[PDB]
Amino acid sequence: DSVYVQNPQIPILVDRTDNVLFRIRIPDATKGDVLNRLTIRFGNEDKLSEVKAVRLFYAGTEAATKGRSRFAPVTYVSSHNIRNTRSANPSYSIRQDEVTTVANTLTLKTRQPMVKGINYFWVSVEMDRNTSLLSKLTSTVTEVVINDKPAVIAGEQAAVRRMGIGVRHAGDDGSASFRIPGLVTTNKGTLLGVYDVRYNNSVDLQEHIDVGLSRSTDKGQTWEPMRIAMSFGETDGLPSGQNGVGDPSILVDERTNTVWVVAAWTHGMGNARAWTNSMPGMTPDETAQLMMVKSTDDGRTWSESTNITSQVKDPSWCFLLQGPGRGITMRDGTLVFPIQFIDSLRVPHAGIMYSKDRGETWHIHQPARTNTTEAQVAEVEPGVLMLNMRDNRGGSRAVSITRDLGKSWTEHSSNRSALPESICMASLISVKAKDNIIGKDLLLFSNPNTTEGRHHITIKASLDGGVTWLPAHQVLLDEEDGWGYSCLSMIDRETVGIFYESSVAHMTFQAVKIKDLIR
């Protein structure tokens, strides 16, 4: 008569058939014990008209050698299975009961005889496809009846659950995977999300990879079918698998609403990683190419790619590429893309590339810091760029300032201190006081909030130019394991968008009120 309940802080996908609402471990069953009924309650303010169905599953037992503290024997709803990312694998989970009209109190039944020791059950919640991305469920398991006796319920199960949408799932449109997210909002309120389309598998360049783009005109409720923003197909009669282009970075030229996508085209290099195989030189046969496309029609259609390699790459560098995610327009109209290069001694450096002429010509000055890679840049105060950097030393983000577009750099107080990481892409954006309901300048940051692995995807806010990230000003979105990359963009004056690699979909979009971050 002891039962343990988990309410996992992972997104409820409005496009999924199953989502894990509760996991339940019954640790000390007698053979023959029956969970006759469990009762769930939803908060008085939950919009239950958007809940399509709640289901109760049995997932069997645990291996003798795997211990007594887990909430499942296996992943219930796969984010990698190209044949099914949307419903519970029916070979791991057996439906016990279903309710299709959802009240504030709800009862699910089984007649399953339990095995001796550990028995796993879980509750699935299915949403209406049209569920608001801003809806939340506050759900508790209030009663569990075993052999017609109420059992003692234990577990942290007070999570307020959030919605999201699986913009891209493993296997969509025939692609094995999608990685490396970037997100902007056009001057028309339009969300543009870029990613690698990794056709064959999930391995990095070199491979068959294109840059894909998902466009939303309704703040993420619906996404237009995937557009290919950049591709090199069988250029020069080399295979498409030796012509990948990826790790995209997107920005909106806020003066013109022209949208810019920069990415790294790898030509040749066998079936091996660009990171170690890109070599010094300038030609596509020698080194990775820095390539840009543009949209003048709010992201519907994309130009032929232009090759900017010769403008900004030092021939001695092994590899120059964009920092994946996004770039910015500054207050004075400067377009800025974060960049990263491997020098002649194979040491990586973050810095910035900028255009003062609407993206006609590009320029790189000095690296910000040794042994850094992926970085995002924000204009934290007028003329002041903050570069927030993946650091190979581990444990924490590197943070530097330039007032001269990277001719010179200064260490920020927050450097190697304020923002924990496991060596992983992170998103940083700035929001002007006039451009948000708080009416204060903000920095917003997202990454996996851990020093090991890629989990606990969290949005953090700073009110003081990134000197302090108070724990009160943070929202946990995904406590389970994913590939970790994320990109932020403000949707409107009240809500931030996050396009990320989650535990629930390769490209996950969620929308968070600023007033949930800063109370």
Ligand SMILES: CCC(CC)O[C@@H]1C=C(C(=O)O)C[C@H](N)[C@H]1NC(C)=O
The other form holds:
There are 2 protein chains.
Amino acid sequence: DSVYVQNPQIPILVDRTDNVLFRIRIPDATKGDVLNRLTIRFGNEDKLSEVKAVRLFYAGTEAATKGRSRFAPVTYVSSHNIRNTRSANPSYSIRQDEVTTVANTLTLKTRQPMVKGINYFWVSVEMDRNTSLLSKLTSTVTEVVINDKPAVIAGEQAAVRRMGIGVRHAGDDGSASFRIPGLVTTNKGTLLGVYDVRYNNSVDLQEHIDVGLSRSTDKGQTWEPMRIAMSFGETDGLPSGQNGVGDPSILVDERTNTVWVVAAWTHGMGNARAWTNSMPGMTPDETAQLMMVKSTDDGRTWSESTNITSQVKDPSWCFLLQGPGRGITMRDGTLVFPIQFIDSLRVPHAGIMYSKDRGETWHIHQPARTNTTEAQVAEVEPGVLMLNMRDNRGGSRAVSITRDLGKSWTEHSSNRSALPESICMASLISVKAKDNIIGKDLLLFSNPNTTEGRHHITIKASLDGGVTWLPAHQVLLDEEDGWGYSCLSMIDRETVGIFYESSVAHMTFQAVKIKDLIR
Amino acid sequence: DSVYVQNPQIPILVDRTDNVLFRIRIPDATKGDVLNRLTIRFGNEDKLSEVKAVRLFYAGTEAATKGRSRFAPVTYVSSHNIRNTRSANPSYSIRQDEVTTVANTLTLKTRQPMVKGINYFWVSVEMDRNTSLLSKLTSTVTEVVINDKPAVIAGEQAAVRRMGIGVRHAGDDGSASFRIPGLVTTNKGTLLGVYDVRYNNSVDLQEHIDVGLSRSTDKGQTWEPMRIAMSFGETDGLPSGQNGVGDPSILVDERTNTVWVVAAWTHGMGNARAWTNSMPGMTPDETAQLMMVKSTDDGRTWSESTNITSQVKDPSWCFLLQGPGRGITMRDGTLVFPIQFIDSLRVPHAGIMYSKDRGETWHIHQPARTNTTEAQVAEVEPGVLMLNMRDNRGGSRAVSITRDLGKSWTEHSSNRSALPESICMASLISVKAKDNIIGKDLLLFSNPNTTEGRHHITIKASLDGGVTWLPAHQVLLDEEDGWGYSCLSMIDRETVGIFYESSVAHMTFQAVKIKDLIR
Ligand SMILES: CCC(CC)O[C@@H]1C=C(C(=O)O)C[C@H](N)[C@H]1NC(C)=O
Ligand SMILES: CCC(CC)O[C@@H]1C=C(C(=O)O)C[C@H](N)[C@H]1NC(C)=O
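Provide the structure of the form solved in complex with this ligand, given the form deposited without this ligand shown above.
To see the whole picture, the full complex is given below, headed by that same chain.
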């Protein structure tokens, strides 16, 4: 009778064995009905030589109380199972058919007798490991035959699917999880991605957490094995689980190509959250510490940690740390790292930290706005910094401007208006006209484009210095649930990179042409 | 000044590398204070030849918000970490000292400078893998010296510590978790322990769950590798995750030594709870199925599953299943399995299912009591069955009597009064006077002895057919948190075995002398 099809707007990972290409619900089957044949068509332009395999799975039925509008009973390919993040959980999906050479038209068969009511099938797509990150698939279920009669196909399934790469999967290198992405592009065009390595579980500091780094010299097609950018092991003879460092922020000093990573080292504090347990004072026994490493060799090797806590932290603050993601070099060569501090009354404020001496000494002035935390900063115009802030009020990003490196702040017109959020980290970068193919100054922004939950990870572009974010100048990458944090860096003149927590992997990299954003 | 010591009443596992013997809190240290020496003393009659090693660990400090009355900042030895359930998580505990030859007096040293305020240390004990399950340690911290001055020792640390064995640990044989213990003793004195094998996670049916079995010919000192007693894999071409079977109940037919295992097979139901999603009807597509396997070779090999659903399940019931744990043979040779059914209005009832034909045909009559679920049955006196029930009203076990195999029920004097519970599975068995060393009829009962949470797993004995459970006739085995389910079986004339979910392992076995219960 009737069959529903979903083409989910989620990344096809080039390093995965399985990727959800279609989910399919047959809502009102009679017991014994067989999906004899289903035909997929790929668009004319699609590079079918890059597809290694297409599979048709059966995932059985639905629970009587979970309704009839779902496209699956369970996650088909897990992003958390430390034993398998790369293939379909074989306990939830049974392969019906497989094709290892893919033409524009493809048929998949089954002889599986359906149950009465809801039955779930899904198409998996496996790409070649060397598949272009810039390739796209346009796929449609054109025919479904049940008991040798072609059934009616319904559903929105016209999505243009993009590639990505799972730089870090849950369980990689004995690590439980990876969180809190940062991304910069070195002067040599090298992509450097930083993250928490959370060994024991996925809970925030305090825990056994190191700062990791993934390096790519080929615009993200391949990533060199994980380096530990910063670690404190069993410092002062306290357990490694009372010595975590994380929430990393990375910048490239564009004048020297010296790379800096800043992070919060929590020392002691039992097995409880630093957010609530970091207390006033200055010593490592008293409060979270602001720690920095540097790389002079394009991110290959990393200096020992220097403690900058004494330079910038007020003693009365419960907690000073970087804003996670990245910092910037300004036109005049000032290095800028967004920061956040919880004051004596447990009220969080977003601000900036800067250095005028190639990162030798760091300074913080005034907070931008009350009840904000995680922020990212861009030089929207010469000498003028735009701070884009996570706001505990909910619903929308706070936006301020400073022309004096945070001594005074002014509200931007886009404040609490233009950029929706659910209270989550967001990435903002600026691109100079001469440094990109459109030949105009850009602001690029990424976050979960929702007021509730963390999903619909989206890159947005502004042509007018973040006054307007036109709906036409946006690309949806991941419409399913994840931990939500992202970071942007331009790869080259034509493409932006995004390093983000996604529905398909803890650290996901995707590349998007500027001309896909802007008509 | 003052130092606090805890001797936690939890099983010392003979198969573990580490076991918590003592937790110690130093509440108000000065920064730099060193625990120079700590002396532990064992009773004269203790078998110190069974101790392989004793270790002193440092676990650092406590979080500012978690108070000053805790004995640890974190679980030291995990019962859930699939990568390590046998040794202390090295990220939470740093070894200070170790002794491989243990005398009646033992000293442990450190040179670790303490932090200001709370510092945590703990003593680990490792036993010989062949340590007697009936051996006990009586250990006391007699001295603690800080900066070469003997500090004041406080705390209740007079516990007589018992041995146990982790039959199943989280992660064993590629399984995420194990739940729902059942235990019988065959006519050959063989222990047979059954459980859910939960491969994907620890959630109830519906999921990828098999019934496992562990067999011991030496009264629980050693366990043969895990056998799958019952499995439905990819039946009818539905995923194994929509084909789970669990909540096993086991009995020995004492006339034949034929062993029977009964379990609930859920077929379909998406990835949601059978408790709410099993619907009225009789077919496997419609409702949970009552399945049985048997062993004629003392539990070495298992028959294919037979479907009992047709014989005993009313079509209008949403869910019929066995009560997890064990069933019995009565004096007249009737085989009895406790059952539970959810009626058309979603109201659960506890009852019994019996066979008079060596398990050929099964019958259910009337429910004992409304809003009860998991029950265990014992033949208190000839022809007279006591049903001990989990009660959704809270606080205490329901107890009924039937002398007509459930056609009529009468409330027992102990009903909703004598046995506290938190709404959890409990074990009850009867022991004939001629079959045990005390030479009197016993009832033995085990559960979490609390009205809140699942902890203080305790065996209780009654000399007067469950009318009274004297506090003196009880043994506390596990005062820390676990999933709470237990099952009892007499090993021999002198000792009772308990197969239970514990704070130290998913499937824990311990042996207790009858004379420790009744002194
Ligand atoms: C420090 C407070 C901050 C904002 C509320 O919490 C962040 C929220 C997070 C979140 O909402 O997911 C994850 C971050 N890892 C966490 N940072 C730390 C240091 O705990
Ligand atoms: C009818 C549901 C049943 C009895 C109330 O709930 C039990 C509770 C459990 C529990 O309280 O831990 C675990 C059991 N595995 C579960 N059984 C099933 C099949 O869900």
